[PDB]
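A single protein chain has been omitted from the complex, and every remaining protein chain is retained in its original position.
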Amino acid sequence: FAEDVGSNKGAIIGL
Amino acid sequence: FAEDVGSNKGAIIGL
Amino acid sequence: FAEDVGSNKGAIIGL
Amino acid sequence: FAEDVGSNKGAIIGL
Partner (left out) sequence: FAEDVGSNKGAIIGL
């Protein structure tokens, strides 16, 4: 997940 | 999930 | 996860 | 994870 993210200012969570 | 995200300012959650 | 991230100012969490 | 990160000012956590 989140393989290609420009900007993360929040939360990207893989459980 | 979230393979290609420009900007994440919120929450992307994969449970 | 987070294979290609430009800027992370938030949280990217892989559990 | 975090294979290619430009700037990390937040948290990138792989558990």
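Order of writing sets the labels: A, B, C and D. Residues in every chain begin at 1.
We take it that contacts are C-beta pairs under 8 Å (C-beta built on N, C-alpha and C of every residue); 3 or more make two chains touch, one makes a residue touch a chain.
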Quickly run down the residues of subunit D that touch the omitted chain.
1-15
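Throughout what follows, only the chains that are shown with their structure count from here on.
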Per the centroid of Cα atoms for each chain, what is the distance between subunit C and subunit D, given in Å?
5
How many Å are there between the centre of subunit B and the centre of subunit C, using C-alpha atoms for each centre?
10
How many Å are there between the centre of subunit B and the centre of subunit D, using C-alpha atoms for each centre?
14
Expected list for subunit B, residues touching two or more other chains, is 8
